[PDB]
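Student: One letter stands for each residue in the lines below.
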Amino acid sequence: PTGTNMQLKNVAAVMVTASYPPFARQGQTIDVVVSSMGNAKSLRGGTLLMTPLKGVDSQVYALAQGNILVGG
Amino acid sequence: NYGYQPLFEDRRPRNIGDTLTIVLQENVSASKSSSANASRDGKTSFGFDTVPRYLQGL
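Chains as they are written, first to last, in the numbering used here: chain A, 1 to 72; chain B, 101 to 158.
Just so you know, these hints were derived from the structure itself, not from any lab.
Cβ coordinates follow ideal geometry from the N, Cα and C atoms, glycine included.
Take these hints with a grain of salt, some might be off.
[As the list claims (entries may be wrong)] Have a look at the derived ranges for each label pair, beta carbon to beta carbon:
hint, chain 1, residue 1, chain 2, residue 2, range
1, B, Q105, A, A13, 32 to 42 Å
2, A, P52, B, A130, 53 to 63 Å
3, B, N115, A, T17, 26 to 36 Å
4, A, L63, B, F108, 21 to 31 Å
5, A, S36, B, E109, 16 to 26 Å
6, A, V70, B, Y104, 25 to 35 Å
7, A, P22, B, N115, 44 to 54 Å
8, B, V128, A, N39, 44 to 54 Å
9, B, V128, A, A12, 45 to 55 Å
[Stated by the list, open to error] Far from chain B by the CB rule (all over 10 Å, computed), these chain A residues:
hint, residue
10, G3
11, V16
12, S42
13, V56
14, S58
15, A62
16, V70
17, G71
Kindly produce the complete structure, drawing on both the sequences and the hints.
Tutor: Next comes the structure, spelled out in structure tokens:
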């Protein structure tokens, strides 16, 4: 319901950046960088949910999902 | 494809067919006034109630 107080602690909003390689083909996998956006403390053992990676033309060129590796 | 779209720039109309919100707020008020006046009053009198004899002829 729209009127409800949700105070989460295990969820962080993140921005995902990636590089589209030359001659990229569908089904191929690429590395991504995940960066927190606001007042989050750590992303040590987090998991990235389904994220569509848009280009400059605002079209989906890849889908991102996996486990983050943070140095610590 | 809708072409290149800036990420952080404010959404502005750029091409033919783009929409824009106009907030109509007009408040115009002009006024002018003027006046002029002129007046003139003049009264004059002279009376000889009692005339001495040597002045009678005058």
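Student: Would the non-interface assignment of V16 (chain A) survive a Cβ cutoff of 10 Å against chain B?
Tutor: Holds: least Cβ distance 14 Å, greater than 10 Å.
Student: Is the Cβ of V56 (chain A) more than 10 Å away from each Cβ in chain B?
Tutor: violated (5 Å)
Student: Minimum Cβ separation between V70 (chain A) and chain B greater than 10 Å?
Tutor: holds (26 Å)
Student: Using the beta carbons of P52 (chain A) and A130 (chain B), state whether their distance is inside 53 to 63 Å or not.
Tutor: For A130 (chain B) against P52 (chain A), whose Cβ atoms are near 58 Å apart, the range 53 to 63 Å holds.
Student: Is the nearest Cβ of chain B still more than 10 Å from the Cβ of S42 (chain A)?
Tutor: holds (26 Å)
Student: Taking C-beta pairs only, is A62 (chain A) more than 10 Å away from all of chain B?
Tutor: holds (17 Å)
Student: Should the label of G3 (chain A) as a non-interface residue stand, given a Cβ cut-off of 10 Å to chain B?
Tutor: Check passes; 29 Å lies beyond 10 Å.
Student: Can the suggested window of 16 to 26 Å be confirmed for the beta-carbon pair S36 (chain A) and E109 (chain B)?
Tutor: holds (23 Å)
Student: Range hint 45 to 55 Å: satisfied by the CB atoms of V128 (chain B) and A12 (chain A)?
Tutor: holds (53 Å)
Student: Since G71 (chain A) was said not to touch the interface, does its Cβ keep a gap of more than 10 Å from each Cβ of chain B?
Tutor: Holds, since 28 Å exceeds 10 Å.
Student: Has the hinted range 44 to 54 Å been met by the Cβ atoms of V128 (chain B) and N39 (chain A)?
Tutor: For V128 (chain B) and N39 (chain A) the Cβ distance comes to about 48 Å; the hint holds.
Student: Taking the Cβ atom of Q105 (chain B) and the Cβ atom of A13 (chain A), is their distance within the range 32 to 42 Å?
Tutor: Violated: the Cβ-Cβ distance is about 21 Å, outside 32 to 42 Å.
Figure legend: structure checked against the earlier numbered hints; hints not met, in rising order: 1, 7, 13 and 14.
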